[PDB]
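First comes one chain, alone, set out as structure tokens in the form deposited without its partner chain.
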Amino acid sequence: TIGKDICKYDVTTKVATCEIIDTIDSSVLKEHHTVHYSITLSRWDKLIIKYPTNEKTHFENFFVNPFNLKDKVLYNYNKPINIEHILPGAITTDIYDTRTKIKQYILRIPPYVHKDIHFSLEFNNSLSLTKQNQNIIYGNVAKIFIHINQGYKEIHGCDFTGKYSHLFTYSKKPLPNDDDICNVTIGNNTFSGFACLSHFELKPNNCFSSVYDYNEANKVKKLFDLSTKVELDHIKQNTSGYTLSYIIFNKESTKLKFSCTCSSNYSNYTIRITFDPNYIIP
């Protein structure tokens, strides 16, 4: 008996959430030993999965496959692989609440998907048991099958690594003693972003969360001080060793100009974004 279920998609936030804890709990009788969730996503979507740790009561023998869930998925539903290798520019976070013993896995699909992919994740509580009313009840397994559609449009921004040429418009392998400034102009509903080596220093801190305001003598300002109609995301160091940041404007009226820098003892790389509400990209 393999059951089936769906992951709720919030249309407003573009967020899919899969609710598995009550499905695999060992304290309640269930008729499916394994439940299958199927979800299809596209570029920039987010997938949120709350899942237990085995400190949580009725999940004492729980485990995840792939075991390194933060970094990996099951390719073709069987073999572990770094999600970066099949979905370059992916961002995952894996947060643990020390008090509730619940964790939250979050996967951001990057702003452009170069190839159609499928992969899965398994949350296996089949070894956990609870004695409830003199019945020994076992936990269950939830498997999430994820399909991601091809990504529509390359990012209009700056790959300073030379390794994401398939993802960004500007892409150049970094050479010593470089003073490169990548100029970008974007209108609404258009992705920008950048990739650097993670050992480069990114200024200001966690760009674009703070940026140099070009229209105010390059003062460091939080992006929220310049706009509140913008979505962004960031990973400081993915499993390949790269930093990426992504940014997109939605119904922003004010013309904005800002920058960020990735610098080392050898080179400087600057991304300068001009956002123009009336700009129409060619």
The other form holds:
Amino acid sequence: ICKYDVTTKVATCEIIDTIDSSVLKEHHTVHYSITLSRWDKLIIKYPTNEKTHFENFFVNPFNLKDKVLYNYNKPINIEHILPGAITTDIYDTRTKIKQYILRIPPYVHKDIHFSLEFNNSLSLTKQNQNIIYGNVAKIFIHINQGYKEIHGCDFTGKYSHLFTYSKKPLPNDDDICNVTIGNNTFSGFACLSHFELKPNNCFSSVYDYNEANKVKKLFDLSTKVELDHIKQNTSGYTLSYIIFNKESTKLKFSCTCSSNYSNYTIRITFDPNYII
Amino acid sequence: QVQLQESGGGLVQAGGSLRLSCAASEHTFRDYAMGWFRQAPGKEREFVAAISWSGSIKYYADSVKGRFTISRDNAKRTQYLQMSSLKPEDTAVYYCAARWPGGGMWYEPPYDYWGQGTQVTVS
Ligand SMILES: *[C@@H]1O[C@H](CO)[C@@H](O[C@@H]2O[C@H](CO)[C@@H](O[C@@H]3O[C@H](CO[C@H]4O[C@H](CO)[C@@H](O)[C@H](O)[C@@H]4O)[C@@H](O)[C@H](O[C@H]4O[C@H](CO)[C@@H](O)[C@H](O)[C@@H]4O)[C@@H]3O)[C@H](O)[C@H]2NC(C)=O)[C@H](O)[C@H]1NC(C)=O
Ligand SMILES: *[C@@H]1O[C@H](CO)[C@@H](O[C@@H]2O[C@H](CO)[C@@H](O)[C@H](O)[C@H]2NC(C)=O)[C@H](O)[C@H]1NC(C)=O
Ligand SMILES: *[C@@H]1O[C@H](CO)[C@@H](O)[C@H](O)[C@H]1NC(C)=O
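Please give the other form, namely the form solved in complex with its partner chain, since only the form deposited without its partner chain has been shown so far.
To see the whole picture, the full complex is given below, headed by that same chain.
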């Protein structure tokens, strides 16, 4: 079943035994309806052709990592309707299962609906003289408006509604974008994917302003922080998001996106007593 | 956001209040950052306030910080400016304006679309 744990902001769905071709089921098609908000995660464990009783299983859309079924109808890149979404689709060669994780961005501008179909109707198992076919499961997902824009820096110009600062990048730019945030306020940035992001996988490592811009892992500065990152989405952009909660130590750090002719620095100051 | 129209504007005491509204009948109002400017007699038009498209992030000018409040209803496609503790220098023609984000901070000019303006007098 699909369950949303309101405490972890995570919706988990397991679509394996519901579509197995070895078990008997009343309904050939079952529907799940889930509503998500900004920063929620959707984790779906589903099978592959390599798992017994799922030899002819398939997903719709086939490119599940990049696409959804917009309006339960046509297969579209999720980046087009949910700007800034982050998807991963990782295979487990032991259990023959795949895990799909969708991160809703820290702000959603437009209410959206889409669906995903896990179709095992073509797989079959032989029991005695009977041939039993697998079944189908559909997930209908709804995303609400995102409440607040990210106090951050869009260096691409393509995420103007997602960030408080957004500017198209010209040659010979050398811009520094400053941000002060308190607890439970999102920051982040977007760059061209071919630009060089320094340090590696910001904010996973950052230049610590307090210690002479030395490179440090973020978790060697705070364990009261959540982050996410995508190196290259389907539109060719790099994005990173960060948020603190219940962190009392003050922080000051930065990161850079640099091409052969331009530099873009984001400088974040986290003050646990800053009031907007 | 093509059609912007203000409502409100009159006379107040030297410590009273007034409230301006700005309406746009167009759906794309949802996508524009909203703002208020004022122009005094024979003075360059100055920035008053601005609110983001989400309605959650506001930015005020130092001249009005602490007395003026901006907000918006995206369903009705309206925005409002509650002006309290009005002062004789606050006398001006107030216009509302919308801008598509980009080119820097969201609240920073240039603003794209404008209204016709409503007069506000205090004494
Ligand atoms: C899980 O996945 C399975 C397998 O992909 C899907 O099952 C297929 O579903 C489609 C419809 O979505 C079925 O197609 C329909 O078949 C009818 C004709 O069937 C036979 O037609 C000729 C003989 O007349 C045969 O040569 C041919 O091979 C077919 O077996 C038609 O009535 C339908 O056409 C109508 O709908 C289509 C839109 O789909 C229109 O374009 C047409 O103009 C017309 O109105 C239609 O083509 C198909 O047979 C199924 N394949 C199977 C069972 O192997 C499931 O839909 C999917 N489960 C879900 C989504 O829950
Ligand atoms: C981006 O940053 C680099 C590295 O700092 C800049 O290249 C420097 O340009 C300055 C200009 O005074 C020179 O003195 C330095 O020699 C250059 N750096 C090095 C490491 O030698 C570059 O100009 C920046 N890009 C801009 C400003 O568009
Ligand atoms: C960021 O702060 C630095 C240091 O004060 C300043 O030079 C720079 O102009 C600031 N950038 C802004 C305000 O965009």
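If you superpose the two forms and keep the largest set of C-alpha atoms that fall within 1.5 Å, you have the rigid core. Only residues modelled in both forms are compared. Positions refer to the first chain, counted from 1.
Following superposition on the rigid core between the two forms, the residue from 169, 132, 206, 104 with a C-alpha displacement of 2 angstroms or more is 132, and no other. Core fit done between the two forms; CA of residue 266 shifted by 1.1 Å.
The two forms, fitted on their core, place the C-alpha of residue 248 0.2 Å apart, compared between the two forms.
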